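Just the one chain here, laid out as structure tokens, in the form deposited in one PDB entry.
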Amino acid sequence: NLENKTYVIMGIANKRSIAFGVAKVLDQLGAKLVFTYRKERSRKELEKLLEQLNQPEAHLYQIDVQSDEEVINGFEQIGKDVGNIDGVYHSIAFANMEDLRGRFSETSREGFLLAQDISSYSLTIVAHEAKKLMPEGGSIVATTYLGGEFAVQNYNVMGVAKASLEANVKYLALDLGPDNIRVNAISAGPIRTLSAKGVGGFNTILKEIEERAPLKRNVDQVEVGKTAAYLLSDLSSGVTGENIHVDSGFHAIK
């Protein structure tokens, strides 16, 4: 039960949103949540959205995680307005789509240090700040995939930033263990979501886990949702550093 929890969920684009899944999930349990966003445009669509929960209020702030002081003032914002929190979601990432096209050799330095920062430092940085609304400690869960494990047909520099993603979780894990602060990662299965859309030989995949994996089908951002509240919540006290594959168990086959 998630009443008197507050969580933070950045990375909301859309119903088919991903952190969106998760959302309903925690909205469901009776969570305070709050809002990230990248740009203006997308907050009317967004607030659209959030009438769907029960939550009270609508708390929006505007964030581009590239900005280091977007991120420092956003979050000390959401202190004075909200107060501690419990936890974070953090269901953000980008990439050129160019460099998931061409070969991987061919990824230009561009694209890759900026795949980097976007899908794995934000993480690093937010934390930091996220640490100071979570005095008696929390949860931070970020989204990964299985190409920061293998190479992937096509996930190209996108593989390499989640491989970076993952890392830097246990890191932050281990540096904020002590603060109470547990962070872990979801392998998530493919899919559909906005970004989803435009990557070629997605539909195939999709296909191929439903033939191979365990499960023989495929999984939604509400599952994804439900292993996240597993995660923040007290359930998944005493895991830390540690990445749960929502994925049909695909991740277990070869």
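Rigid core here is just the name for the largest C-alpha set that superposes within 1.5 Å across the two forms. Positions refer to the first chain, counted from 1. First, how it differs from the form deposited in another entry.
Superposed on the rigid core, the two forms differ between the two forms by 2 Å or more at the C-alpha of one listed residue only; from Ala229, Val219, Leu49, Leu33 that residue is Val219. Relative to the superposed rigid core, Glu210 undergoes a CA displacement of at least 2 Å between the two forms.
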Contents of the next structure:
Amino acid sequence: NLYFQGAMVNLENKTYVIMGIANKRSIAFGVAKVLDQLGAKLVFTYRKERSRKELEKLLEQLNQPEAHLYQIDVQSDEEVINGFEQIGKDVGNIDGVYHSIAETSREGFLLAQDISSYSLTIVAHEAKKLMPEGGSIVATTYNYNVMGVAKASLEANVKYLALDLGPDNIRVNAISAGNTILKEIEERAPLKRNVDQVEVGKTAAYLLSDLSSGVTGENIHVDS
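Swap state to the form deposited in another entry from the form deposited in one PDB entry:
This part shows the chain on its own.
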């Protein structure tokens, strides 16, 4: 009865925005390579206009007919609003967004909440508009530590964004990537980052596709 083998994931006629690639070693770059091989149409954002020349180079290792590169510093509203606006005109609606997340002072603390947590709120608020039929949003992470408070804040934000956007048929999820010193020592190996990239890419493919339908508000831990 069945004459052909089915594919678990296939992203042809799907468009995704991939944010926060800096270099060949970025976790998002491995997500790109994976989504590219699944035949997705990819759009890329970058913070500093001083690194557009690098993304262009990276995009060569990719099978992408036309290159869509946008400068968006997400700390700036106008760049996130305008940025996503352009995307809407250039490539139409999208299917999802991959977002790569980057006693102490008040400013130190609120800045980490801005950079590591609210960034997901504003991305989601603007990208919402290019997802009239539903879509999927993935966020990835890789005296006391405000970094730990910032991450806890984001995890919570994934949860509430999920309930919030659930009615719009928009799923929001997160990936957590990464004598316990032995493990930090390992993570230092080129081979190891390489392995991290493909594994997060594979897991993001699951979350960004219909393969993970019915899955929202979740935080999947990707390790080794």
